[PDB]
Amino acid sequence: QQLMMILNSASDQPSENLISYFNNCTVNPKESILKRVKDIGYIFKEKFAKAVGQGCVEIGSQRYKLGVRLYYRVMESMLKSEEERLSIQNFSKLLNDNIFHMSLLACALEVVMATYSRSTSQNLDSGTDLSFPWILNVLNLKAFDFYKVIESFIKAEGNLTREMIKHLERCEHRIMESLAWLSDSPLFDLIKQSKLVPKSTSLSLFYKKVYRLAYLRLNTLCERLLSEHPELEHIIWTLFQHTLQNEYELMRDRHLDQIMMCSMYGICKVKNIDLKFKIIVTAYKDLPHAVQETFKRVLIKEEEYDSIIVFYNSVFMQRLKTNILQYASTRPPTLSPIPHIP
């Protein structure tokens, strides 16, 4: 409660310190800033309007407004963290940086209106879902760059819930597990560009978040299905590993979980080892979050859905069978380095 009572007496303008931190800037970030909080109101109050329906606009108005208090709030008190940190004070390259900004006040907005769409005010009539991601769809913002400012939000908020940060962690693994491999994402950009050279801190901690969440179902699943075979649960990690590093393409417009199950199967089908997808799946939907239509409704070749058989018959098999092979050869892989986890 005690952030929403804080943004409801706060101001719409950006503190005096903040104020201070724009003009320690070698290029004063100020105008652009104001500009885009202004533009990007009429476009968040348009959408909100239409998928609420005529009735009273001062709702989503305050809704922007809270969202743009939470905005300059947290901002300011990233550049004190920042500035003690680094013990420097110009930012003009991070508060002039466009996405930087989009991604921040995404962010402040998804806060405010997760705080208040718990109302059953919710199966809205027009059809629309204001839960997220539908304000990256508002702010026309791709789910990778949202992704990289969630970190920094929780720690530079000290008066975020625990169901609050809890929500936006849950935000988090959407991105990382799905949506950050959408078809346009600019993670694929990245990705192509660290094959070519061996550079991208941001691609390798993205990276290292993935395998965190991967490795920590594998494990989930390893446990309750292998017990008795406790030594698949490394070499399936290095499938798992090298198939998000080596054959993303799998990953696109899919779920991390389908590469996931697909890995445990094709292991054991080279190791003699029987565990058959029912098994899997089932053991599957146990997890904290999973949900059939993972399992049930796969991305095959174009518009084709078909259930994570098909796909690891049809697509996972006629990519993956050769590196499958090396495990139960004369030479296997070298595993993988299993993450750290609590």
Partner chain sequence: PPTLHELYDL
The other form holds:
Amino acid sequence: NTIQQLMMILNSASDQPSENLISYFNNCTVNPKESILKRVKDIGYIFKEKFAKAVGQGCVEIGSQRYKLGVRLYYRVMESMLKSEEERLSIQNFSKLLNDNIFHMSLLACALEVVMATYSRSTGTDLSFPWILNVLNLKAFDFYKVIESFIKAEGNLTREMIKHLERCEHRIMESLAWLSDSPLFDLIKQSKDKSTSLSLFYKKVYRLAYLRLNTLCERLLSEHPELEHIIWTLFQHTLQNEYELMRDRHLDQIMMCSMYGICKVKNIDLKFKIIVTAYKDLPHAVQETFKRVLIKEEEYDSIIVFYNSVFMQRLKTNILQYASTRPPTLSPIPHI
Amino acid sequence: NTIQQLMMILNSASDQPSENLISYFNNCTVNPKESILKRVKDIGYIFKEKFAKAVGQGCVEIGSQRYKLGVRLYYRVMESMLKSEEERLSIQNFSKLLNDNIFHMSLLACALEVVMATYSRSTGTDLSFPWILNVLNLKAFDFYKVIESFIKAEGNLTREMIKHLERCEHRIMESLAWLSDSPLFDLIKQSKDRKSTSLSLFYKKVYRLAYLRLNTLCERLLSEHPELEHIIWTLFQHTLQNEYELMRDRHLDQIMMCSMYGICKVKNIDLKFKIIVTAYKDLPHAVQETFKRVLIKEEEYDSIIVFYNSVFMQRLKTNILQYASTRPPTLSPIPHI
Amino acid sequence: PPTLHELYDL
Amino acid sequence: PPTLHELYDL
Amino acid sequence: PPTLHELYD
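Output the structure of the form solved in complex with its partner chain; the preceding block shows the form deposited without its partner chain.
Starting with the chain above, the whole complex follows.
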């Protein structure tokens, strides 16, 4: 499928919910129809004004039209998702979901992302992710929740559109979901003091983390095959139990520090310069990820300063356990 | 307290959160600061455009300044409320609350209500409650949650402002919270299917209002049958608690009058609906539509007698027969104050 | 007047 | 994908 | 190891 095919579909589509959608709304314990219609209208105000600020004051009506295409995609996918959910569970139990402002904002943001990214490929100014999050005052972690389901729900997405949304998901998983403003930390706290969404998120993070670790270990540690499982064990425990280390930081920073730490206690010579040089070969790796790492307050410095001052501060005794007579029980490898 | 005193305070107030407020934000597990600032800016877009739609295209800047005054009151009250919460609990545990979009929208709407109602007294188009609910896409039940706390938090409100917000609260409790779009029904369902401190608080407020209104009508109508009030209250209370779907898109007072009418029928006491209805109109804020136009089925409306016979009784026939039984149900406690 | 924790089921 | 019920702790 | 610290960079 092609850009033109999807865009034809959207240009032909209705601005209002279908009768099927309205049926779903009317079957809810709390009727969400008016909230949903008003939310679409209100966000229209905000979107078109922020679009004109970004692109030029003469572009308000272009922004309006692009918003309308986004809304049409949002209604299509919403109906598809609801149909799927009803089929899978054999019941409609949609009131809590459909009255959730955050579900609607995430779904609309994802629809708008597909539209913004498609226009931003062609032309001036790049309105691709994460621009839409700031426009909508939406957190990355919330946007994340709809991506896989959105992809499944819109069979007319191009391979390029799907790849883009997958790239967005990865950026959320690796850093955006771990910013200090992320609902993720309240969800962790709720569980640590329980959440199916927390479990699903962590499962996805583990798979991404492990795959990236594996690539680095296959390049750097070919001679020492036993190391990968041990590094994975430090890495996984750190993500699970020392999650505050991820706050305002990046998955790959924890990855490289875990690699360095284990090799260090295993008496294996692997300086950061070597890890870092191999790291910048990873598919989407940027140098800033090891050159600019949060230390304490507003203070940023290299990954080495982070390792020496924060990472080891917190984990020195945990790392030493791996070389002791009783090493910690090794973490299972995430499958797939 | 005077209008001018409050408005002077707001005109001198900062547009931004205070250092104290920012400290509360920074102490949260999830930092709410950027959400809070952006929400204020975004809702400003929506507000000033809907204000101009309501009052005239030349009034955008006036709408903008009135919005600013509301935001200033919002920050004032938010800081007061948080200081109070911290004092009462001896701890800051504010992350879930401060990252709740609905808390902020309710608090902002209440601040804007004070502003809109104050300007709408004087000059004109009336932008008093419930106008702000529609502007903000906010449900009545959510707005309700902040009212009492707001009043406590702003010592510079006039008696008139306080009375107006209390009237808003009563309107929410009697009908707006029971509309089919109201989150109330999901809260009830959650509790019935499985707990909610907010649900309990709301019901205890509704019970007081319901009882006080019932007590008035009973004093006037059933003074020579004094035992009936407690029995009618029992039906009324059990209906609100266990047959809450009767309230959906209906009015607390319709359930009240039908409870009175039904118990009298089963206890073989006259009391025509004409008599009930004529006394009803003497209640402080009572309106005739409340008994003339009552939802029956779908979107068919008819008189309160038609509602009693085709809907109320249909649901409660078996329950009422128990009140003329040899072993009636235990009578519901009278609400405190 | 109830706590905000009560009002928001926290 | 997971159900929407799972994704929203419903 | 004598130290877990990275003495480089």
